[PDB]
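Here's a solo chain for you in structure tokens, the form deposited in one PDB entry.
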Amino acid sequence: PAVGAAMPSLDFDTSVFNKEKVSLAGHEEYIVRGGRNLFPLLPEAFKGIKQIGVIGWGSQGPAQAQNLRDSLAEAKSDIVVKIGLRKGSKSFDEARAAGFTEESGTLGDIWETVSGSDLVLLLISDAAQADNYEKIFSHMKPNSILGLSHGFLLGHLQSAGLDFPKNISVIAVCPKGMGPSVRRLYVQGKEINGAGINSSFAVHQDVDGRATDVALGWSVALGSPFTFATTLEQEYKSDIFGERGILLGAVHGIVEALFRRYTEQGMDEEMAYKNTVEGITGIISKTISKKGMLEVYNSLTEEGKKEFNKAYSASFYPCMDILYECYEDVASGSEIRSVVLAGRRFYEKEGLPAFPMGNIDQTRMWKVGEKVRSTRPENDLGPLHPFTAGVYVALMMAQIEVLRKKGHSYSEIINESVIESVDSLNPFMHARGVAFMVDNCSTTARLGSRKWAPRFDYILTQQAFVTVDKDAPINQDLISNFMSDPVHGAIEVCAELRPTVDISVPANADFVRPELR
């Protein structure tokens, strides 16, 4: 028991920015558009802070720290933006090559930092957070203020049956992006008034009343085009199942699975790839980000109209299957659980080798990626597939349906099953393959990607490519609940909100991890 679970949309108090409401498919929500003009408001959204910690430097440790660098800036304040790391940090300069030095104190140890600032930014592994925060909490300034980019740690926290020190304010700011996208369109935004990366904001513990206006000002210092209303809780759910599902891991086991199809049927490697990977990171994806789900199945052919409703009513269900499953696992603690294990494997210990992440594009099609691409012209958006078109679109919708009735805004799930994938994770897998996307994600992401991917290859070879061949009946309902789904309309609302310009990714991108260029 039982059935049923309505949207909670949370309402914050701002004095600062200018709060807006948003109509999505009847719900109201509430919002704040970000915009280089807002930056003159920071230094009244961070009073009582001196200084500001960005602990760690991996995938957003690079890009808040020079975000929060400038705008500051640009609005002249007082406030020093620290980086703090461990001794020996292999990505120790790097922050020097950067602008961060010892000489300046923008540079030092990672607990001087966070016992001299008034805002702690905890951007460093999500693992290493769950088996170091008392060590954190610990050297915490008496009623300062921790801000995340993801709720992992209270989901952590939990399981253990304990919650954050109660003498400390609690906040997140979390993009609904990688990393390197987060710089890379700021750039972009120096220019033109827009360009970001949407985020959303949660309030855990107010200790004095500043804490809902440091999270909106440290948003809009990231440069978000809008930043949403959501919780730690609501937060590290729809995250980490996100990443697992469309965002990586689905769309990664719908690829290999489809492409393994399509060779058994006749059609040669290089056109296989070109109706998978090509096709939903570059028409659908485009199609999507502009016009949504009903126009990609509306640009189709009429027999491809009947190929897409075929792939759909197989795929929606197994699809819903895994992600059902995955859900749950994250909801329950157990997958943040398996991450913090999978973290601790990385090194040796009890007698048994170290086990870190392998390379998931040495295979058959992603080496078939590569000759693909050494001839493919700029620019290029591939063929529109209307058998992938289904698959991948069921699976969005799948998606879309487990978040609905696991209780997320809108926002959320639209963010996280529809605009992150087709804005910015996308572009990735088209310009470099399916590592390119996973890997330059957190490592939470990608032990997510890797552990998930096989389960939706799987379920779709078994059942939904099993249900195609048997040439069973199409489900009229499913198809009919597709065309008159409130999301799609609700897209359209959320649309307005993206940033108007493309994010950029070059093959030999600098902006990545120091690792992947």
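Only the largest set of C-alpha atoms that superpose within 1.5 Å between the two forms is called the rigid core. Residue numbers count along the first chain shown, from 1. What changes on going to the form deposited in another entry:
- In the overlay on the core between these two forms, a shift of 2 Å or more in CA position is seen for a single residue of 370, 102, 303, 134, which is 102.
- Superposition on the rigid core between these two forms places the CA atom of residue 63 2 Å or more away from its counterpart.
- The Cα position of residue 44 differs by 2 Å or more between these two forms after fitting on the rigid core.
- A displacement of less than 2 angstroms separates the C-alpha positions of residue 282 between these two forms, with the rigid core held in common.
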The other form holds:
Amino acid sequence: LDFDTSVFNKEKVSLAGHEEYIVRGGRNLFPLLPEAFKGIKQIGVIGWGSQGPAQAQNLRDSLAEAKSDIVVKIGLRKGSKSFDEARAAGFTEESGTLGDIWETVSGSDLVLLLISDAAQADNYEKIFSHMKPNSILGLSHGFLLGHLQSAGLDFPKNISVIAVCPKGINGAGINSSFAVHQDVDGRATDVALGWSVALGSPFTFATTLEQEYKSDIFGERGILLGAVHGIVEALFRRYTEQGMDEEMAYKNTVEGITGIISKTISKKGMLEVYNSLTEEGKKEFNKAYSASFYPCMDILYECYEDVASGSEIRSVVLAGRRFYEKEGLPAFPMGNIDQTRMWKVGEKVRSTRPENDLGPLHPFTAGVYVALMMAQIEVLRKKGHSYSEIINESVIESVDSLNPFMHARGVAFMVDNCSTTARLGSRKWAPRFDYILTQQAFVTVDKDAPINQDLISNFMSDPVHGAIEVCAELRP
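What I would like now is the form deposited in another entry, since the data block earlier showed the form deposited in one PDB entry; can you produce it?
We keep it simple here and write out only the one chain, dropping partners and molecules.
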């Protein structure tokens, strides 16, 4: 994946022998922003949720630093309860920095669409109709493209389409991936890079908008949320079936994965989880890995293709409309996932858990979790994704961002604090991982099947372990 920026220097990084170009950020580059934002006199930031504040705030702040005349204006829908906070952050109508969504769309040369996935699906026509011809549409995530492609549609051909997507003391910040879907004049690459740099992205990786939404929507159904919830439920049931006390069962699954296993991967990667077990523990690890890799891949492979085909995005869109009454049927908002046995048990463990506790490192649990991680990697790898995307979505974000939430307060605190699309995916696919492990992986172990040494060998020697090291040095 190449790109062409006339403003910024791109640097090469090598990952498992695969060269990726990246662009480093820095407040020292803010002087370069007016060059990057050529032709833009207004940036409209639509929506003020979790990204609205930070993005608008950062964009306005970095542009002032460069002494730019560019106006950062928020547009909010009629009925938004964020008008007040928008004013609190200095974005007001009298200053011309706040207004109605449509009015704001009409006047912006760059439209950053930060509204929810459901809002984008229900409003893309009106957004397109209000945008200036030849302006730029900016997305933090590629859901909309997937929605349009699921209907055989694309964006209007008169607008540029770019994406700056987040992946999560000199050098602080949050890395981003950027994509240029359409570029009507040749400014797209520089406006997306400037947008990333303006946000404080220490690193901006290159991707395609199609790969972003595929990797993102699939990743959250896999190890990030769906799969880890499924395998944790499967093992809790197995361990308790085998007589292990409920609390140690919880600690040997959730506490282990979200704590010591996560921290171990974060520091020294997957190979140091195995190397940290006793000799007897390595053997249990390999039994679990050898039995769990392909079952996990089964579901991951199925989930990826449903996301890439358009089936899953259509399902997400329709699921969202079922949250409200229609066609004479009841409303079915999302329910609670944390009121079952194992999470009521998990509530007891945490009440007396000491601070900075990391739980026991159960070799079997480790083998299952690492098998799932390696299976996700292989699926994305053979589906054509770059190592930066693969690692930054299958390893870093789960062990460094999401798993701490589970360790903190349980599955719901992790899942239901994510996007609606992610919350739906976790509920739809966690049961799938639970069943296949129980029906296949655990049957293989209970058959006393021998260890698949090809898998183990491939695990020990997988190039991704070395790429994960390089990528680790890229984190902020």
